[PDB]
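For reference, the chain that follows is the form deposited in one PDB entry, supplied as C-alpha cells.
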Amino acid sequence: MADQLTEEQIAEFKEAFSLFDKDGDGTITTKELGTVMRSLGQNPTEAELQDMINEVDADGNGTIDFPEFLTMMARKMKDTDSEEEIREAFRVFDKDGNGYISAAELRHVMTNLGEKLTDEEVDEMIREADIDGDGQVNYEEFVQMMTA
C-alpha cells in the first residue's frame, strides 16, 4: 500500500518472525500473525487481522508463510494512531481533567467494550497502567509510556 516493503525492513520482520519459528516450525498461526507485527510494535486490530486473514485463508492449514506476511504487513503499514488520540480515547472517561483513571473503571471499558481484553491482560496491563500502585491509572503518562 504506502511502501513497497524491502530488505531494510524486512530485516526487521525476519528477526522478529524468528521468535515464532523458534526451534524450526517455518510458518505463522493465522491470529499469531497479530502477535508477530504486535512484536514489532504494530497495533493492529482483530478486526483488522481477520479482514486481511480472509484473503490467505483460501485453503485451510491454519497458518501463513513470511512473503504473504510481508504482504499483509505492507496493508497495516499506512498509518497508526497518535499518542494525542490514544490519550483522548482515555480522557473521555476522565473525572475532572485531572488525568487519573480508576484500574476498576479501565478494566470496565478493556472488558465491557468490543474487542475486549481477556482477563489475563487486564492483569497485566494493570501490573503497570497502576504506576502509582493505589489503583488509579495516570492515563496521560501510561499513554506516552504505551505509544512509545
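Basically, rigid core = biggest C-alpha set you can superpose within 1.5 Å across the two forms. Residue numbers count along the first chain shown, from 1. First, how it differs from the form deposited in another entry.
After superposition on the rigid core, the single residue among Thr111, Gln42, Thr45, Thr27 whose C-alpha moves by 2 Å or more between these two forms is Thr27.
Give me the form deposited in another entry now, not the form deposited in one PDB entry.
What follows is just the one chain, with no partners and no other molecules.
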C-alpha cells in the first residue's frame, strides 16, 4: 500500500536472511525475527515484534517463513525513526539541555522504564557511552555513532 520493496532490495534481504535460514528450509525462529531484522540494521521494538508474531504464530512449529518475514519487513519500512528523533529523545532525558547525560541516569531510563535493556546490553553500552571517562555521555555524538 504505502510503499513497495524493489527486487534488488528483496534479494539483499534474502541474502541477509540466508545466514539465519542456513539449512535451506526458508524459515527463521519466532524468537529470532528480531535478530534477522536487526542484522539489516532495522529498529523494531519488542512490542512491535510481539504484535508481528501474534499474526504469524497461527499453528505453531516455532518458526516464520521468508514471505511473511518480507511482509513484516515491508510493514516496518513505512515510517522508521530518524537520527533527529533519537537525538531529541535523549534531549528530553537531558536535565539541563547542555548535551550530556550521566551513566547512572542512562542506566535508570534504560531499566526502570519499559522494554528494559539487559545487564549485558547496559554495561557494554555504558563502556563506550562513557566517551572520555567523566561518567557522562555526549548523546549527540553517541547518536552520530549509533546511526552508522
